[PDB]
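Below you'll find the structure I mean.
Note that one protein chain of the assembly has been removed; the remaining protein chains are unaltered in position.
Labels for the chains are A, B and C, by order of writing; each one numbers its residues from 1.
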Amino acid sequence: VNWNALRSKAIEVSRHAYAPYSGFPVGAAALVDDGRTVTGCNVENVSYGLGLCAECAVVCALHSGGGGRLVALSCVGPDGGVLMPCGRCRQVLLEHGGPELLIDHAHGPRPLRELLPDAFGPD
Amino acid sequence: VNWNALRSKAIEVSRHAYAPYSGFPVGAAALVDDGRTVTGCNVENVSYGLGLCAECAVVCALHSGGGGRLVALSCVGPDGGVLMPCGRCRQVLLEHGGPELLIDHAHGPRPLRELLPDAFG
Amino acid sequence: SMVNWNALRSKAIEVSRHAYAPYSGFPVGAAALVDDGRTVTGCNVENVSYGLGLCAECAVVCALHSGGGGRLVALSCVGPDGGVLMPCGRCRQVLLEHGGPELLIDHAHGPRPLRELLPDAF
Partner (left out) sequence: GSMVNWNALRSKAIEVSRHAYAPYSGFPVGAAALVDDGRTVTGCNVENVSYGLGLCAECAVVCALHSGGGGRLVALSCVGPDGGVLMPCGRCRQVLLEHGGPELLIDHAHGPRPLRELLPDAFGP
């Protein structure tokens, strides 16, 4: 995994974020197991609860671009600093990357199982 | 607008739907005012209420791909027939295409304002 | 026909005061008459992750079921000033599930059936 490449891509996509309500743009980029990179940015709505996270966008692109499994994900905030996925995104990411999906963190990447232990699941 | 081409693109992307819980795959394709076509398919979750609609995916792609406005959207279901967006998606689409956004229907498109009148805003 | 809209609005305004809406600054309340004669209420509950926000009308549906089920007959949604609000598209779909097309939604110009607000619904 080229983490510097992922962060660069997440910063690039964050410039397109639609976040006029919070003023808090977010970019995300992930490496897929087929070797391609997908990206996403947050898209807010006037009804706050219909807002889509950057990580949600990533998962949508994973599938629209032909499917696969996520291997690694970086999310970056307004200043370029690495951000932690919200709990909804942690659950959504788990479905498409599993516990071993690597998630970037301001203090170093780590597996999703560490960030969503004992997850709700199909079992 | 080439509606036939939007419908075919919608069917094509629906093939990648992640809908193992409902078994109801959905695809959507939209023309953007910059001339791009963007696509999306539904992605369900084990926690049902975390599922994402195809139309949400379209709006994500709109912005990750540089922004713009939606001009036309076609949504298709399992039999390839045209579907109306759910209420959430009607609200989400309004933000990015306005009331004039054209929504595919079997006998011709109609504006989104007809599908979501007096819209919260 | 027997719906007391003034009373339902008053319940919505009352519950609005308990809203958790620190990010928008805009509290919303909703109240609904159920076919068992009770009034259920709900207020918006926003979240730091904006897209995890719950609308007042969603809260009404939760209360409907936690309190024993039923069907919604009429619903009023308001801001703090008591001004009537239109449910957002998500809430129109959620409300359809529990009230159907004939559920009455409060509106300045007279209540409107949900089917007028969400035609040809998914």
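Here, contacts are C-beta pairs under 8 Å (C-beta built on N, C-alpha and C of every residue); 3 or more make two chains touch, one makes a residue touch a chain.
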| item | value |
| --- | --- |
| Interface partners of the hidden chain - shown chains only, full complex considered | A, B, C |
| Selected residue (touches chain absent from view) among A:51, A:85 or A:97 | A:85 |
| For chain C, residues in touch with the removed chain | 15, 18-20, 41-43, 45, 47-49, 52, 54, 58-59, 61-69, 90, 93-94, 97-98, 122 |
| Residues from chain B at the interface with the omitted partner, ascending | 21-22, 44, 46-53, 56, 86-89 |
| Contacts of chain A with the absent chain, listed as residue ranges | 83-92, 94, 105, 114-120 |
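Definition applied: only the chains that are shown with their structure count from here on.
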| item | value |
| --- | --- |
| Chain A and chain B, separation of their C-alpha mean positions in angstrom | 22 |
| Centroid spacing, where centroids are CA-atom means, of chain A and chain C in whole angstrom | 33 |
| Contacts with 2+ other chains: residues of chain A | 45-47, 50, 52, 56, 88 |
